[PDB]
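Enquirer: Listed below are the residues making up each chain.
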Amino acid sequence: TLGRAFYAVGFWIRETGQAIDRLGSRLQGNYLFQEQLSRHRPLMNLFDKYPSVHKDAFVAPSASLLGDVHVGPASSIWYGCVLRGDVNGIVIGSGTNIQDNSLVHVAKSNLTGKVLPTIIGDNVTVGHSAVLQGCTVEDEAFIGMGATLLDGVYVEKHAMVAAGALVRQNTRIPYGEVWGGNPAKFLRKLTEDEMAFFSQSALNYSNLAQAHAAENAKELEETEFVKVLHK
Amino acid sequence: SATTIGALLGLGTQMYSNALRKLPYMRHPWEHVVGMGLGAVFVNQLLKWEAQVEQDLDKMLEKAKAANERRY
Amino acid sequence: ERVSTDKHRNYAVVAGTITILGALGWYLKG
Amino acid sequence: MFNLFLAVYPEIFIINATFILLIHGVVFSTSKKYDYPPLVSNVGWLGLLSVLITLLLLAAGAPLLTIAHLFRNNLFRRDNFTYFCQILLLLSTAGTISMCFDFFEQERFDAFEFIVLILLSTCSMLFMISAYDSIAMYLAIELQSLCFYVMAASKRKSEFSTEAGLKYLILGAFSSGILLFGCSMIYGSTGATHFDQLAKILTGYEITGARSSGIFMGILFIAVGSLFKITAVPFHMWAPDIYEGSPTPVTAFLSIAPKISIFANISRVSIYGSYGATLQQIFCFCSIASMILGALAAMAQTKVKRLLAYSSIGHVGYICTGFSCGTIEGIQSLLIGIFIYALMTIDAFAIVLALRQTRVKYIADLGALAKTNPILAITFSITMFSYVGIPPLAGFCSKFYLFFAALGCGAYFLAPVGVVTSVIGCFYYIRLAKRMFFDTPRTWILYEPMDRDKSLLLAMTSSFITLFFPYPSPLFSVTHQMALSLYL
Amino acid sequence: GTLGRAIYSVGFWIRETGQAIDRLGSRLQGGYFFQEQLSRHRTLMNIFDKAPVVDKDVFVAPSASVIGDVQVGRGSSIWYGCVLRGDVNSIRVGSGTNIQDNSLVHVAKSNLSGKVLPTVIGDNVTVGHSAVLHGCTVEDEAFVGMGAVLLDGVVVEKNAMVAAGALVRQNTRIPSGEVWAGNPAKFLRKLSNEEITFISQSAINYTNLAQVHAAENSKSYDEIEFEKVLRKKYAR
Ligand SMILES: [Zn+2]
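Residue numbers (our numbering), protein chains in the order written: chain E, 0 to 230; chain W, 283 to 354; chain C, 10 to 39; chain F, 9 to 496; chain L, 262 to 497.
The following block holds chain E by itself, in its conformation from the complex:
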């Protein structure tokens, strides 16, 4: 824990730094160091559990991924996600969509080592308003919006879970299955064109994410800043 000791003394030192800086500002007669503004670092660590997003993987600036969360290329984290990796890590592969209004959560500390990880293996769509708490979703997966995947669930290999539906603990959805309702019960089978459509939607959102990020890197529009400082 020598690392944690270094971290703690780093906090002490930097805190003294902030305090002496503020003394300097009060001396200089400038109280600008009170302009309350939300920190909201889109990527955040706890001690050494920093996230790791691959380059060329769009993460919306309004997202919130903190804790041990790792995500690979061609991925998209669309506005309004909560990717938590505090206790057990989150791993997310290539070519994946975690749409706006979604959290990939990890159960708050249960007594034993019952805190399962969460794996989201590439070519997976996870639509809007999706809560995935401790699950194993695999390649060619569709999680259609309004979705709840409680701890202990395994969906795999071109499998779809419809909409507005929750899957209880310890449930498995293998190839060619759709489940729905409260609780999630099996409805029917899939179609090969629907599976190719899964893949095409994955690719289309990869391109959408490229566009959105290239637009989000557009130099911050100083004009509005000087406007808001004017009045």
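It is worth saying that the hints were derived from the structure and are not from the lab.
Accuracy of the hints is not assured; some may be wrong.
Okay, derived cross-link-like pairs now, BS3-like style, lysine-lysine, Cα gap no bigger than 27 Å in a straight line [unchecked claim]:
1. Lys163/F to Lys442/F
2. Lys54/E to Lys217/E
3. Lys226/E to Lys317/L
4. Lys379/F to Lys165/F
5. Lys226/E to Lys447/L
6. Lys217/E to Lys317/L
Going by beta-carbon spacing under 8 Å, a handful of chain E positions derived as facing chain C [stated by the list, open to error]:
7. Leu26
8. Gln27
9. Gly120
Chain C residues, not near chain E, derived (Cβ > 12 Å throughout) [unchecked claim]:
10. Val12
11. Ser13
12. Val22
13. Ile27
14. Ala32
15. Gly34
16. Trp35
17. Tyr36
18. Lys38
19. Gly39
Where a beta carbon is used, it is the ideal one built from N, C-alpha and C, also for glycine.
With chain E fixed as given, assemble chains W, C, F and L with the ligand onto it according to the hints.
Expert: Chains W, C, F and L with the ligand in isolation, oriented as in the chain E frame:
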């Protein structure tokens, strides 16, 4: 060793005063050094003053010896 | 735009730095 | 100034600071230029600064504070005893002001006059300690008691304020009336009122004579009077009532500051103008009465203030038991007990003041302080167990040396009653503390928590209480110096 | 004065010392701490060319991303954490509506195989917290709220409501005046007339509340500090 006991005392008292009000232990990590300094100087001066007052008390007792010597 | 424009605070700051310098000198004369 | 007034520099400075603060407060409290600022906080911080300056002057100047030997002996004499007593008093006043800063703003009552009296009564008590004449003593006591009369009835829109203040006023004025008649009779039968003259006229030769029946009435009345001002457990009327009614800073200052002063004055008189058994017997009774009353009343109370009142009565009792005999070891342990009690009570009032608003008047509101604020609960348990008794703390060590001295001084009777009231107190308190993880009916999660200065003062004293026994040499030494130079 | 100039220089010096101490602390740390950045978040943005067209009298909480071609009319509000993402197809919301905080609107299938799907929200529509709207046409004065979700070419109509868990799916023509619920959606009541007046009054007073929140949330630093000091001194 006196100054070390004083410094540890000051640091402990400062952590205490930071723990009573529920804010974390090392809230102002630049007060703790002032606490250590004050504790050190306090304990050192306390030892000095105890030595001095023992000397004065022994002188007073020696003078009280004469007040009872004439008594016999 | 290279000065502090609050008279009372500046008097107080003069007093504070005078205080610290005086304490340092006093200690130096321990 | 003129090299004589070098003997009263602390009093001159504290009076001048009181005046300048009074004028400042009144003008800038009624000046329309600013909004209409109520200057309680600013006047208070300037008052704390002035008190610390007084402490500095007095402490660093004592060996020349004794400079006006006879010209001042007309009224007062300053020795090592008065030196250390005055230091402890100024420390206590600084402590209580710092503790009571946050109460002013919270309770929201605006009268800077509250902090121009604390200083004025402080100067009064500084006169009372170094007081070497019956009438100078009485005048200092009256100045102090008038300051407290003003201080009691602060908030008028409240209910208990006026009744508590009126009770305290009538009680104090009656006590002082009795004391006056006592000094009057001593004057009439003796023909002197300066402690040297009283000593020289009625030492050793207390043998009964024709008109010797007068002196005794005077000293008896003086005993009753000074007793009323030590809460005098046969005469303890309304003491818990006024403790409950008056606000917390006022009752704290009333508990800590006047008691040490009047104890020093009682010691200065009982060394000089006593009888073979008069004063010792009029105190030997009140001591056992006090211990018994503290026990059998604090055992059953349902208001966290009256419990403090009866525990204060009990500890004043233990101190008075220490008073019983008149040997050097005894008075040494006496002064040690006084000091430990001062610390413990500023501590307890710090706590009960940091637990004030949401708990206007309750004792059941120990709503899981073990759970909602554990360090504070541990501190309260430490302070209380010290107040009563337990393996090494400050209060236990003080009581133990008290009973050591009592046994070794020739009184085999105060110990049984003292130890049994101690053990009933210990059973009760250690039942209360272990009642803090059974269950919790009420819960009062508090906006209160101890801004900075109450916390610092608490932390300091609480670290002192437990850590006293690892090195209690200097206290014994300075107490020995003091008691030895009280008369010899 | 010259004293002011001197202490200004001294303050600048010690401020530089503070910055140096802070860098030293981060370097004693390192690798782990993601030091803070500016906001870098857009309350309004375009995609290819479609800029958003937002009424002047609207409320838009600065934690609501409107992207694409969103046409938002008068007397409406886009509350906190909202996401109006119409980057692919058109979004037009009526005048006098309200998207109560933390909701989402998206569209998918722009001009594929001839059939297209726009998305329109009528006037005085009050969509609530966590409402997901995925390519729908909600006619004016319709109530949807508290976690509902509409999946596809659904069309709600003329005072209908879906309440608290309604997962409505795959081109449902909601009847003109009903209530629906269920997962999936079925109707269970008849939507009394005083309740119709309830939804109207809801739209109205919620526009009022939105105007209050706008007047508050659109302040500058000096004005905010003034408001705060005034509030403290008054509560004193
Ligand atoms: Zn979508």
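Enquirer: Now, for every hint given, state plainly whether the structure supports it.
Expert: Comparing the hints with the structure gives:
1. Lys163/F to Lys442/F: Roughly 37 Å separates the two Cα atoms, so the pair is violated.
2. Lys54/E to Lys217/E: holds, 17 Å
3. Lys226/E to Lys317/L: Status holds; Cα separation ~17 Å.
4. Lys379/F to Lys165/F: Measuring from Cα to Cα gives roughly 36 Å; hence the hint is violated.
5. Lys226/E to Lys447/L: violated, 51 Å
6. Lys217/E to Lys317/L: holds, 25 Å
7. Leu26: Holds, about 7 Å.
8. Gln27: holds, 7 Å
9. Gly120: violated, 59 Å
10. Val12: Per Cβ check, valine 12/C is inside 12 Å of chain E; nearest 8 Å; violated.
11. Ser13: Given a closest Cβ separation of 4 Å, the condition is violated.
12. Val22: violated, 7 Å
13. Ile27: holds, 15 Å
14. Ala32: holds, 18 Å
15. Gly34: holds, 22 Å
16. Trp35: For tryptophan 35/C, whose nearest Cβ neighbour in chain E is about 23 Å away, the distance exceeds 12 Å, so it holds.
17. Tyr36: holds, 22 Å
18. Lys38: holds, 28 Å
19. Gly39: About 28 Å separates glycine 39/C from the closest Cβ of chain E, which puts it past 12 Å; holds.
The structure shown violates the earlier hints numbered 1, 4, 5, 9, 10, 11, 12.
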